[PDB]
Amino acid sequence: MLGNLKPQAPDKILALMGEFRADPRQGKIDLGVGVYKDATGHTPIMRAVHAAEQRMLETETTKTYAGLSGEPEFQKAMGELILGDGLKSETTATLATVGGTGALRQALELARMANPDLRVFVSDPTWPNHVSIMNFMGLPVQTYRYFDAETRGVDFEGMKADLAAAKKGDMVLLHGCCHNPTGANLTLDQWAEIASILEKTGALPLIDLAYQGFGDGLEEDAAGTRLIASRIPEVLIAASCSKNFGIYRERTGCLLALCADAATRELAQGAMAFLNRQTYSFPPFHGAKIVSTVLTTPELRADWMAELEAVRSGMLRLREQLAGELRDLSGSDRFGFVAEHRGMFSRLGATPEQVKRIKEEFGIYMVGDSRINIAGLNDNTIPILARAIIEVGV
């Protein structure tokens, strides 16, 4: 029977890796990486995180089955982290999931469970995993203009124009902050207008919050998400702890369902718990416990925020340097957008030909859509990248 199986395509990330490793050039650089890397090219375990694992190793007395939808300490902590003082427990349903991706899938299942004729609107472009999951579920997918290839900024007129076509019941997927892969983001005023459009059309917003803390800070990054939650009655939030806590492999995230009333919250909560059960039953414990421990322990929480901040400022300085270099070399303010983008990614806006030429001539690797990881840059690599960009006619 298994022979009938249709061949499924590889991740592609590995294909990028295999090529890079095979490159015999000693000066080769890799900007296609999708995780945070420090000065030495390592992806360290945050201090507080290592502190929580020591604490857990000495205090945990059993590993029996726990909460089906997550432990309360984690649910409350995450909600407060994302929504701050605005968290209305009475109408908020929470589900610990296997990473933010698990959160996305579950939100998709829940929405389709409540509305069979669901259509999803995704930005152009967006995280490929989004479209992939949707295609897999058989859900209809619609696109809304987002990245402006010329200015490398947000095409807000087009975004509004396209979202205006959403009907009540449809789902609109928004990146809370640090748009992956572009790096181009919406300002709070633009979020306010998006809110109006969402109220008008009656579409359900699904906010993918995976980089809280890598943009302008923890609170600032959650600002957009908080405006939507306060103005829109029903909101779905898929939060990831992978990057801002550096626990990628632990698989920790959570789905937040902001409802109109307590009765609906009870309905959504029951369905979420049901969904976990029909997929894997209980969610992973380790990472979630690390997170609640850091968040509830004043000392740890303080150190984590402090470390996250160092990371953020470090990347922000890298952006300014690259931008500075590009300005000095270009004799213009064309690549200024690099300094304006937020998050660890940025789409340069180079054509696949330019991307291929940059690799063949300069030994610099990046995703085929010209997305680079800011964290993979440094004092030695910045000048090279800048030169390459200017030389290939970007």
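Superpose the two forms; the largest set of C-alphas matching within 1.5 Å is the rigid core. Residue numbers count along the first chain shown, from 1. First, how it differs from the form deposited in another entry.
The residue among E53, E60, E361, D38 whose Cα moves by 2 angstroms or more between the two forms, once the core is superposed, is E361. Relative to the superposed core, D11 shifts its CA atom by 2 Å or more between the two forms.
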Given for the second form:
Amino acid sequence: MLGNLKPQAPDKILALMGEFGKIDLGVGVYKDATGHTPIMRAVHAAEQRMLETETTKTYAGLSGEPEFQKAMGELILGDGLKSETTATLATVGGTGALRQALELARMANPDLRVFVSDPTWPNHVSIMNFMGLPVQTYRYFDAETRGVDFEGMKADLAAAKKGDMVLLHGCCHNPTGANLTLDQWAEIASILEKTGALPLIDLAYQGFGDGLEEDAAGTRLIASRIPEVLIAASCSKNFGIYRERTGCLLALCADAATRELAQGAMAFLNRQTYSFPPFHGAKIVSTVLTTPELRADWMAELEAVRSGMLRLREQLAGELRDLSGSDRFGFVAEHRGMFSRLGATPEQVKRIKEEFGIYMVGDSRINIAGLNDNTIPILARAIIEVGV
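Same protein, different condition: the form deposited in one PDB entry was shown, now please give the form deposited in another entry.
Partners and other molecules omitted; one chain follows.
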């Protein structure tokens, strides 16, 4: 039986972990001055508090715990959370939220298609391929200006049919780092409303862009216009609990009836996949969010991280500027999030990794959190050496 198993292609981004004066600029995890991904202060305190308060580990809720569901809703939608018409499902990380999102939509529309950005998180297409869902792309990254080809994007999206799903990154677009402004978001909402396409928002970096509330701005605008929208959130990065596997799927419906319908299907979806969702991570998140003292320090630490990385981009761009006398790499300072695509070709990037020992994702995607004052000039020189 098993001998008939066909070999499968690995995760190229995760492969870099294996492929690693080495400079790690691959996998999207935050790193500090000394190349460490620390546990946030609030998270540690949450765990300590949990170690004392929990008296049992019996089966809990199939859709996650109410405290988590509520906390997460308010974090993402703020005061735009109409719980009466919102369904929530605790999933195994943001990735689980996406898979669960695709399954839910496919249940309501066997003939659904998914539109993804050119380019997008490869794992998006991987999952869709596995499920056998037709994937179409829309123009997004303007290769020349390193910005967003808004004209192209609006053009392709206008071709989506009712029942189709459009996958938008809430903010901090992985892998480009190029993001839409709120004005562009309003226009996109105009298109979606007219096309009847279901918006699927992948929110994995709320807090690394421009701030907790600012990064959720776009998602809130869509939710305020479009009567039905899906949001897949990840607590992996903004809470630094990557290995805990915690996120959630939010299903915004047009009315309570549909909400009860969706919520039912979402719970059933967990039951048939792995039964209950993991408790530990969801608990840390709600504990932090519902405890004023814990929330205050978390926001602060996330702010320091976010502001610190902002500083790094400016340095890197400046370094390169002084090393070329050209505003070419200006896009680095404009980009927002953890990543930024240098625009280097596959031949160049490979040369860099083998000789310079600096490993970045094949499409020239660099994790700016992997840089620091010591490595910045080295990277600048390394890319200056060839092309760019």
